[PDB]
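Asker: Here are the chains, one letter per residue:
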Amino acid sequence: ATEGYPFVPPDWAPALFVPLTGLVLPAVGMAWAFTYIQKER
Amino acid sequence: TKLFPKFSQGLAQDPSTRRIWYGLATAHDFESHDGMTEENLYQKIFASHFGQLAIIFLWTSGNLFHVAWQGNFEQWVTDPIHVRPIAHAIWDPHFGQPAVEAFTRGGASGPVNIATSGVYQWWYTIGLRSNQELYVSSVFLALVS
Amino acid sequence: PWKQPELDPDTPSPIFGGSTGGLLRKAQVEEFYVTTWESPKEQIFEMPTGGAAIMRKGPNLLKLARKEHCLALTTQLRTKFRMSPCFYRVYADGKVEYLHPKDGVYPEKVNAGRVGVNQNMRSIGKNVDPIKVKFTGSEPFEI
Amino acid sequence: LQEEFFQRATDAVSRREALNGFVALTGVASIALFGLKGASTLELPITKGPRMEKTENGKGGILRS
Amino acid sequence: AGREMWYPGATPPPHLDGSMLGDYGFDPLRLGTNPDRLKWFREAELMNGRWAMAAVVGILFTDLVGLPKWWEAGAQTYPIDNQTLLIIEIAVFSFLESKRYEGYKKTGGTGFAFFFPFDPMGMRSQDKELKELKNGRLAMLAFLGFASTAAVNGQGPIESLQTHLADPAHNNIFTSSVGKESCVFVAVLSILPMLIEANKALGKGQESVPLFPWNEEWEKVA
Amino acid sequence: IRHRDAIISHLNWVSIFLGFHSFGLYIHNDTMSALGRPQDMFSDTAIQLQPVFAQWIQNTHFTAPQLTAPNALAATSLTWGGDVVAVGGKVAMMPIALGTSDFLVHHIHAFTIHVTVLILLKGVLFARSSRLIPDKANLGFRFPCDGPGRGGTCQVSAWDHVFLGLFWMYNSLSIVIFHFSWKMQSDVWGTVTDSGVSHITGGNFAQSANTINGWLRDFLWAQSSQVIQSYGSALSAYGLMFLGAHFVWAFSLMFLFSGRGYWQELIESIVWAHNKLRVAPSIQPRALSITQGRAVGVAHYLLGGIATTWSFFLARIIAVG
Amino acid sequence: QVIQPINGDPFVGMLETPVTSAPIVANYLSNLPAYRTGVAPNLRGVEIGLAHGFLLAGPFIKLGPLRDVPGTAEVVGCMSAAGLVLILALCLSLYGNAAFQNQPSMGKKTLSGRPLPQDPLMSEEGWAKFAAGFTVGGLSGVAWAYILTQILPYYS
Amino acid sequence: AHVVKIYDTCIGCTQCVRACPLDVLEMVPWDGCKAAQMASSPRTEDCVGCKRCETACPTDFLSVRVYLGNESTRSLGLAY
Amino acid sequence: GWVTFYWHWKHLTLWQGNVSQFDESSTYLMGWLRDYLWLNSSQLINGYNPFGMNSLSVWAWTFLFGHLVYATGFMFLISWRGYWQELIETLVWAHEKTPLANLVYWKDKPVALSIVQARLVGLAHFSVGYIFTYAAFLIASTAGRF
Ligand code: CLA
Ligand code: CLA
Ligand code: CLA
Ligand SMILES: CC1=C(C/C=C(\C)CCC[C@H](C)CCC[C@H](C)CCCC(C)C)C(=O)c2ccccc2C1=O
Ligand code: SF4
Ligand code: SF4
Ligand code: SF4
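Chains as they are written, first to last, in PDB author numbering: chain A, 68 to 108; chain B, 3 to 147; chain C, 60 to 202; chain D, 69 to 133; chain E, 41 to 262; chain F, 431 to 751; chain G, 47 to 150, 152 to 203; chain H, 2 to 81; chain I, 589 to 734.
To be clear, the hints were calculated from the coordinates, so they are not data collected in a lab.
The beta carbon of each residue, even a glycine, is placed where N, CA and C say it ideally should be.
Mixed in with the good hints there might be a few duds.
Stated by the list, open to error - Not the full set, but computed from the structure, chain F residues with beta-carbon under 10 angstroms of chain B: (1) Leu465; (2) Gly581; (3) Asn601.
Could you build the full structure based on these sequences and the hints that come with them?
Answerer: In structure tokens, the structure reads:
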């Protein structure tokens with residue numbers, strides 16, 4: 068490419084990245100936080 | 003006795019749901035934290051200010067990256083009075099068929115969001131012309147973050 | 060009082076129906092409170108967490124979830140029938156604590172046998188500013 | 069006889085570590101399949117595109133884009 | 041974690057004392073911090089490495105004998121339909137992996153079928169396990185390279201080796217479309233031991249454990 | 431009193447269930463309208479919730495003079511009838527058609543009334559005593575609080591339960607009269623013509639009352655155009671009443687969000703100001719009580735809302751009907 | 047006097063009602079897998095997960111976004127039901143890690160005495176086995192609900 | 002739990018102990034007042050912070066002061 | 589809100605060319621309401637009609653979203669803690685005394701929001717609802733015409 072070396076993401080990247088941070092990352096957040104709160108000493 | 007409010011031993015002794023809310027609310031109130039001196043408080047504020055700086059630089063790097071990726075910066079450069087700025091593309095699986103068709107503004111292909119943040123005029127004024135330069139700006143701002 | 064009394068499980072209970080206001084799971088995992096009074100006849104009293112019940116002629120036993128319920132019942136009995144009752148605290152492990160008449164003469168009296176606790180000889184408003192006790196862990200009123 | 073089949077079903081995933089790993093692996097695998105291969109086979113109306121719709125905007129003149 | 045290390049001068053992880061073989065101190069994210077988790081991950085590593093070894097040696101054999109490309113071999117004509125082939129594959133693997141898992145439960149060895157351990161010749165030695173682990177990891181990396189050169193180059197390992205021997209200065213990864221990506225990635229990997237060394241130098245007495253959702257090492261932090 | 435916890439818990443459960451399956455339907459229809467998917471709606475054109483019981487009762491009452499009340503000349507009302515009476519060219523009363531939107535609004539009404547009766551009955555039942563404050567009977571009926579203890583026992587009296595009940599009845603009756611006005615103006619009230627019958631609004635209740643945004647745009651914005659344009663005409667006083675009611679409704683939130691200590695300290699500063707030049711009143715100025723402040727807030731809120739709806743309804747129905 | 051509290055004591059909350067004192071209700075609740083103390087947690091988890099994963103496939107198939115598409119509504123509904131089952135399994139595992147990091152000190156004290164020493168459900172590894180049974184039952188019930196839409200004498 | 006403190010301005014009206022429905026306060030003998038009484042709070046951990054003693058306090062300013070903070074299972078008035 | 593109402597209306601009348609409309613209509617509050625919050629909201633609420641949907645459907649949804657969050661701010665602001673504690677207590681009794689759900693028990697005791705916390709959450713909901721509804725209206729009224 069003509070100086071695409073500041074790497075251009077693919078045109079199909081939203082289909083993978085939007086559900087990754089909308090469904091999986093919130094799930095990891097809830098699980099990690101719920102393990103944090105219910106921790107006895 | 004819990005350990006989520008590590009800064010407040012008294013808050014960890016609270017057996018109710020108030021402990022979660024108060025630990026979240028008194029998260030950066032270092033002056034009321036248990037067993038904390040002045041020097042450590044100042045150092046914590048210094049690290050927190052560094053964190054806000056990193057967050058700000060990451061956010062503006064993301065703005066550059068998304069404008070260079072899904073925007074119409076070249077088309078805006080060719081015609082600023084006609085072509086509308088584009089902030090970021092819209093990938094919502096809950097969208098319907100008319101919903102995709104009603105957000106392809108600015109001469110784009112997919113569903114895009116019209117940018118009203120003013121970064122297009124600002125970057126055209128300071129000499130940024132191509133999306134390559136915006137990409138380089140994004141990666142440099144991520145590096146300094 | 061003169062001698063600390065221990066509660067008796069053999070004392071009867073006032074006649075009462077099923078009330079949804081009463082003991083909960085906190086009575087099992089944590090402590091719960093038991094109130095004891097002596098009555099000369101069968102009278103009708105209102106429970107602090109339920110409706111109306113008829114107490115027995117003689118000793119009585121009431122199990123309540125909180126100490127505030129026990130003292131509300133105590134004040135109601137003292138105001139209505141001058142009962143002068145006493146309540147206990149039973150822990151989850153079976154430990155029985157004596158709470159209300161520690162001296163046996165109620166907090167209204169003095170009995171000249173209890174020491175002063177959490178008393179400041181300085182006036183209210185003569186406390187130091189929070190800047191003077193900053194980063195010390197002690198509040199101005201705790202001095 | 070009925071209990072044995074499900075006992076061996078559970079014995080490989082009885083630990084909470086194993087079940088957390090299993091649900092994580094299945095969740096990320098299904099989410100990565102969705103959009104990449106989950107969409108455009110169900111004809112989801114996010115990966116299709118317009119026909120010729122909504123280029124102009126502004127009903128009070130100016131006619132941007 | 042073995043005197044030879046993943047980079048020279050590294051410190052071993054606290055759980056990676058070096059009791060298990062093949063240890064090189066390489067645990068940046070510290071995925072497995074439980075001995076049961078560690079031995080299950082070792083068994084899974086050995087499984088994936090053994091399949092990588094078999095797949096890679098099959099790849100070299102098929103490229104040497106002249107059979108067509110492997111990623112296009114799924115669309116080639118074959119006897120027995122792929123439906124019933126898949127069905128009998130699950131039918132035999134629901135017994136093979138069942139025996140493997142039951143033997144791992146009762147013994148922990150990597151036996152085959154009813155033979156646990158399946159070593160009829162009998163060259164059972166720790167050095168054999170170490171050699172198997174090293175060759176397995178090398179085959180893991182080799183299969184990743186095979187997949188990459190099938191994706192971007194579109195040629196087999198033998199054709200890739202001939203292009204490297206013909207002009208090694210330009211027919212490398214770093215001049216391809218995934219070139220500068222690999223350059224930045226390997227520059228980050230070269231910087232990576234120095235940042236770890238800097239963390240160890242500044243953190244003279246602190247734990248500095250990498251706290252992450254996959255491990256409970258953050259419980260000792262707070 | 432003995433099983434009051436069971437009553438309050440079951441009433442809370444059915445209140446939350448009614449709220450979800452009466453308002454989440456509206457929010458979902460709002461979303462699918464905004465997502466460009468009208469075929470996923472809870473509407474007549476899409477999949478529907480037909481009020482079969484109400485329509486069956488309407489059909490029974492229409493056929494009631496035929497069999498069950500043979501001596502009646504016609505139906506007891508023209509709600510379920512089949513004839514359109516009209517006096518002076520304007521529709522007196524015409525049959526009312528009930529659809530998915532009517533089902534949604536009626537179940538919203540049931541939800542709102544169930545929540546209001548939950549609040550009022552909880553105030554009545556827990557007026558004597560509660561698991562929080564066992565001695566609430568000795569504190570009287572109208573007391574502000576028992577202090578910030580137990581996390582803060584503000585608005586724990588039965589009077590404050592009624593104070594919230596006034597707002598909830600206001601919301602319920604406001605939605606009820608909005609339903610009445612829109613339904614009449616869209617399906618009953620209108621001018622009869624030789625070629626069919628034309629309503630006040632062109633049947634927008636069937637296709638616009640399924641969404642909150644549709645409710646807003648086609649009822650509070652499609653109407654109220656005569657209240658704002660009433661200036662220079664006979665109904666300008668209705669616009670004045672409308673804006674004054676907006677003022678009084680907005681002025682109430684000062685007495686509702688705020689407390690007494692801030693206002694008492696401000697009054698102390700004003701007392702100092704009047705003390706400096708010796709205009710101190712003999713009666714000491716004090717801030718309004720917490721119960722007094724709640725009463726003033728709820729009274730001004732109710733007065734503003736009632737006069738707002740009164741002005742809007744009267745100006746719309748006089749300038750058009 | 048039909049209305050009375052259980053075991054003749056009024057100090058408790060919950061009281062004995064003909065809703066609960068009906069023999070049909072009592073024997074139905076006692077024979078439910080959640081209240082079967084003599085069974086392993088994984089088996090009752092399997093039964094509970096089977097029932098819940100079978101019922102969860104219904105609304106997703108019938109009222110899904112692709113419900114008008116013939117032949118793909120059932121597949122999408124069943125895989126969404128399986129995803130919901132996995133979410134509930136993650137919730138079950140998190141609850142088992144949370145509520146059972148300590149040790150209970153008292154039994155349930157069933158009627159007329161005779162209490163079991165400890166319910167295996169109320170332990171950490173017992174609740175982990177219960178969650179494992181729940182998810183196994185969930186995907187198996189979802190898969191059964193799919194093929195019940197594959198062979199059919201009526202509707203789906 | 003909460004902190005309950007009694008200052009020397011107390012004159013021993015012994016009505017702050019009647020207004021407290023938790024038996025937090027007690028009356029001890031004293032010599033700094035005419036009534037020879039002083040409020041003391043031995044069972045401070047049983048207090049919820051309802052400030053009924055401050056309402057019942059006739060002195061200006063209040064002799065008995067209750068300070069909120071560090072809530073517990075008994076200071077929150079929880080029966081569950 | 590006042591300063592942004594003034595800016596938006598004066599600039600909108602400048603861009604449309606009828607500065608005299610602002611000059612003769614900003615004197616009285618009814619003209620302010622009719623020619624700012626009603627006239628400029630025509631294109632905003634037409635984001636998704638039952639007839640069809642346009643590009644301003646996101647702004648109408650954001651408008652109603654800000655209205656709903658402001659209303660929930662009112663929910664937290666008017667009612668105060670002490671009635672919610674008794675309601676939560678009744679819910680606690682409901683959960684503790686039911687079949688098939690008393691097995692699942694909370695580790696953190698459900699307790700109503702504190703008074704300072706109540707003020708914070710009511711203010712927070714009020715502010716985000718305010719910001720979102722005004723941003724939606726502003727960008728919809730300025731983007732519908734130009
Ligand atoms: C922090 C600022 C920021 C914000 C708010 C967004 C917002 C968005 N991005 Mg972008 N993104 C950013 C920075 C940002 N981006 C940067 C710096 C990069 C380059 C690495 C990207 C690369 C990127 C891709 C490749 C894609 C998006 C997409 C999206 C959209 C969906 C959300 C998503 O999947 O997250 C993005 C998720 C990621 C994993 C990429 C971000 C990586 C982060 C910035 C690095 C981690 C930093 C830090 C540790 C965590 C950040 C949290 C912090 C803010 C508190 C949304 C419009 C998707 C889309 O549909 O485009 C519109 C999509 O496909 N983003
Ligand atoms: C921002 C993140 C995000 C994303 C990416 C999605 C994505 C999706 N949601 Mg949405 N949703 C979200 C947030 C999000 N949601 C939030 C925050 C809410 C609440 C306000 C909702 C509320 C919501 C509703 C109410 C509905 C959706 C639906 C959908 C789906 C659209 C229709 C479709 O494709 O059919 C789904 C097609 C698929 C292929 C997805 C199914 C795959 C699942 C995830 C698991 C399948 C694997 C399974 C476990 C089998 C593996 C077995 C194992 C042994 C290997 C899509 C998967 C609809 C839906 O679920 O359709 C059925 C639907 O009705 N969503
Ligand atoms: C319009 C403004 C508004 C709204 C929406 C609420 C909402 C609520 N109040 Mg309140 N109320 C308000 C103003 C409001 N209040 C004001 C100003 C006051 C002061 C007088 C009160 C006084 C008051 C009292 C006295 C009582 C309530 C109660 C309730 C609840 C009713 C539950 C129900 O049936 O609804 C259903 C729920 C909703 C409408 C909330 C919105 C849900 C939408 C539809 C989204 C659906 C869920 C969504 C998909 C999940 C998103 C997930 C995401 C996080 C990813 C609920 C939490 C009662 C209660 O506790 O419960 C009965 C109660 O007793 N309120
Ligand atoms: C504003 C306010 C006050 C202050 C208000 C007070 C003290 C009442 C003021 C009443 C005035 C004095 C009535 C008369 C008003 C005008 C003087 C009438 C003018 C008539 C013209 C003809 C001149 C509170 O005391 C208060 C207390 C608790 C919660 C909220 C609040 C609260 O919001
Ligand atoms: S804020 Fe007011 S109503 Fe609430 S506990 Fe305090 S004094 Fe009472
Ligand atoms: S109420 Fe105050 S002044 Fe009166 S006896 Fe108690 S502490 Fe002393
Ligand atoms: S705040 Fe209430 S419970 Fe505490 S000492 Fe005062 S009157 Fe007693």
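Asker: All hints, please: hold or fail.
Answerer: So, going through the hints one by one against the coordinates:
A distance limit of 10 angstroms between C-beta atoms decides the matter here; for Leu465/F the minimum to chain B is near 5 angstroms, and the interface restraint holds. The closest approach between the C-beta of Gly581/F and any C-beta of chain B is roughly 7 angstroms, which is under the 10 angstroms cut-off, so the hint is satisfied. Among the interface hints, the one on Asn601/F is violated; its C-beta lies about 28 angstroms from the nearest C-beta in chain B, farther than the 10 angstroms criterion.
In summary, the structure is inconsistent with hint 3 from the numbered list given earlier, while agreeing with all the others.
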